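Number of protein chains: 2
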Amino acid sequence: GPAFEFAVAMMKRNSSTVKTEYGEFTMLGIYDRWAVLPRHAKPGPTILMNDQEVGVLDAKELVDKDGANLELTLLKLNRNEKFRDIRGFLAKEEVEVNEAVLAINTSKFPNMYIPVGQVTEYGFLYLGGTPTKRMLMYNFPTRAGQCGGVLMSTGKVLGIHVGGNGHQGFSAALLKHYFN
Amino acid sequence: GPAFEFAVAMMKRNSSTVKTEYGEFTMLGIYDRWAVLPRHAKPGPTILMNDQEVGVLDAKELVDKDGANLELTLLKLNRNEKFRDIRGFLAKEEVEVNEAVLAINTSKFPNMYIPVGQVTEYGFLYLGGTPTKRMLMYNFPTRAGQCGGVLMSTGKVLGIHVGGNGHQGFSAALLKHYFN
Ligand SMILES: *[C@@H](CC(=O)OCC)[C@H](C[C@@H]1CCNC1=O)NC(=O)[C@H](Cc1ccccc1)NC(=O)[C@H](COC(C)(C)C)NC(=O)OCc1ccccc1
Ligand SMILES: *[C@@H](CC(=O)OCC)[C@H](C[C@@H]1CCNC1=O)NC(=O)[C@H](Cc1ccccc1)NC(=O)[C@H](COC(C)(C)C)NC(=O)OCc1ccccc1
Numbered sequence: 001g002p003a004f005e006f007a008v009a010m011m012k013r014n015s016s017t018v019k020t021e022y023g024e025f026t027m028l029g030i031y032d033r034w035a036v037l038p039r040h041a042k043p044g045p046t047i048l049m050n051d052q053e054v055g056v057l058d059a060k061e062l063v064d065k066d067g068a069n070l071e072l073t074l075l076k077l078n079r080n081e082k083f084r085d086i087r088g089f090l091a092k093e094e095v096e097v098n099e100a101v102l103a104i105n106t107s108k109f110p111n112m113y114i115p116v117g118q119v120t121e122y123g124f125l126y127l128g129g130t131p132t133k134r135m136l137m138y139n140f141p142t143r144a145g146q147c148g149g150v151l152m153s154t155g156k157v158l159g160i161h162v163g164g165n166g167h168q169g170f171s172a173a174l175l176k177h178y179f180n
Numbered sequence: 001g002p003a004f005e006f007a008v009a010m011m012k013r014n015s016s017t018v019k020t021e022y023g024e025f026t027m028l029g030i031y032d033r034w035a036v037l038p039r040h041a042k043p044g045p046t047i048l049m050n051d052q053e054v055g056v057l058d059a060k061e062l063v064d065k066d067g068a069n070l071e072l073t074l075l076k077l078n079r080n081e082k083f084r085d086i087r088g089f090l091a092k093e094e095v096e097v098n099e100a101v102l103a104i105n106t107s108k109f110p111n112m113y114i115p116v117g118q119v120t121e122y123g124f125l126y127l128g129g130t131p132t133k134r135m136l137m138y139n140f141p142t143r144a145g146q147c148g149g150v151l152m153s154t155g156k157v158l159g160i161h162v163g164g165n166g167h168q169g170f171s172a173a174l175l176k177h178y179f180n
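Residue numbers (the deposited numbering), protein chains in the order written: chain A, 1 to 180; chain A', 1 to 180. A prime marks a further copy of an entry chain.
One chain only, chain A, in its complex shape:
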C-alpha cells in the first residue's frame, strides 16, 4: 500500500523513457545530470529521452574491485536541467525484503507497477553469459522491455531490473556509494 505511493512519486519525478540503438528502457535520474541504465542498454552519444534527443557526455560501465560486471551504466546527460537528487533514497548495500515494487515506464509498458514479493541477495549470476555480481533476485515479472525498471520498497530504491529467466527476475543493486 505505502510502497506503491512512494514508487509513483519517485517515477513521476525521476524516471524517463529511454530509447537506445538496442531497445526501449526505463531510466532513473539520480542527481545533477547523472542517470542510470542497465549496462546492456549501451547508450551512444545521443539517446532519445521521452521522445527527445539528448546528448550523453559520459557513460561509465560499473564493475567491482576485481573488474566483475555489475550490469549498470551511469550516464551523464548533456542537458541543462538537473535531476531531483535522490541519493538519500538509495540503499547503502544489497537489500533483502519480503515485499518490493518493480516500476517500469516505457511507451510500450507505460505506468506499470508490479509487486514482486520476496527479494533476496542472489549474489553471483551468469547473466546472458556474462559473470555478474550483486544481483537481487525476485519471483514473477520477466519480459523483454522491462529492463531499467526500478525496484523499490517504501522510502528506498533497491535496484534496477536487468534480466530474468522463467518466473525469476534480477535487479542490479543500486548502491548509494556508486554516486559521485
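None of these hints come from the bench; they were simulated from the model.
It is possible that part of the hints are untrue.
Facing chain A', according to a computed beta carbon distance under 8 Å, are these residues of chain A, among others [to be verified]:
#	residue
1	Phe4
2	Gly55
3	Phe109
4	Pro110
5	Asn111
6	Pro115
Idealized CB from N, CA, C, for every residue including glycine.
Since the structure of chain A is provided, determine the placement of chain A' with the ligands on it from the hints.
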C-alpha cells in the same frame, strides 16, 4: 499516462480485496451494495472483504439470453455503507481498444497496475471447460490470484479479468445494463 491515473482513483475508491473459500480476488463495488466477482470465485453467505467478514445477501451468476455463461457473479453485500456509484463509467457494450490497464489489488499482489496493450472482442471461449461468452482478449498478464482484476481505459471500466493461458488474458465484459 492518463489511463493509469483514472485506474488508481477507481481502485482507491471502489475496489477491495476479497477472500472466498476458493481463493483471493479483486472485487469492484458498483453502486449501492452491489459488487462484482468472477463466477468461479463462488462467494458464500460470508466473505472476507479487506480482512473483515461481510455478509452476502444475494449472489447472481450472470448468463446471456440463451443461458450461456458470462463468468461474472453480482453480489449484494449485507453492509450499511454504500459504494460510490460508478455505473456511469461502465461500457455499454464489448469494447476494443489499443491500450488498456489491468488493475489487480490483493494481499498477495497489492497495487498492481499492468498496461495490457491491445484488447479485442474475442467473443466465445472455452474457458476452463466452460462455454463462455463476451470475452475480451489481451496479451501479457496471466497468473493465479489476478482474477477480478479490473480492465480499464481512461474514463471507462471495460471488464473483469477471469482467465488466461500462456501470454493471453481474458476479461468478462462489464456491461452497464447488467446493473439494476
Ligand atoms: C531486459 C532488457 C531487454 O529487453 O533486452 C534488450 C537488450 C531483459 C529482461 C529479461 C528478459 C527475460 N526476462 C527478463 O527479465 N534483459 C535481458 O534480456 C538480459 C540482457 C543481458 C543482461 C546481462 C548481460 C547480457 C545481456 N538477458 C537475460 O535476462 C537473459 C535472457 O535469456 C533468455 C533466453 C531467457 C531470453 N537471461 C539469462 O541469461 O538468465 C540466466 C539464468 C538465470 C537464472 C536461472 C537460469 C538461467
Ligand atoms: C484467476 C482465478 C484463479 O486464480 O483461480 C482460482 C479459482 C485465474 C487466472 C488465469 C490462470 C492462468 N492465467 C490466468 O489469467 N483464472 C482461472 O484459473 C480460470 C478459472 C475458471 C474460469 C472459468 C471457468 C472455470 C474456471 N481458468 C483458466 O483461466 C484456465 C486456466 O488453465 C490452466 C491449465 C492454464 C491453469 N484457462 C483456460 O481454460 O484457457 C483455455 C484456453 C484459452 C485460450 C487458448 C488456449 C486455451
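- Quick check: which numbered hints come out false for this structure? 2
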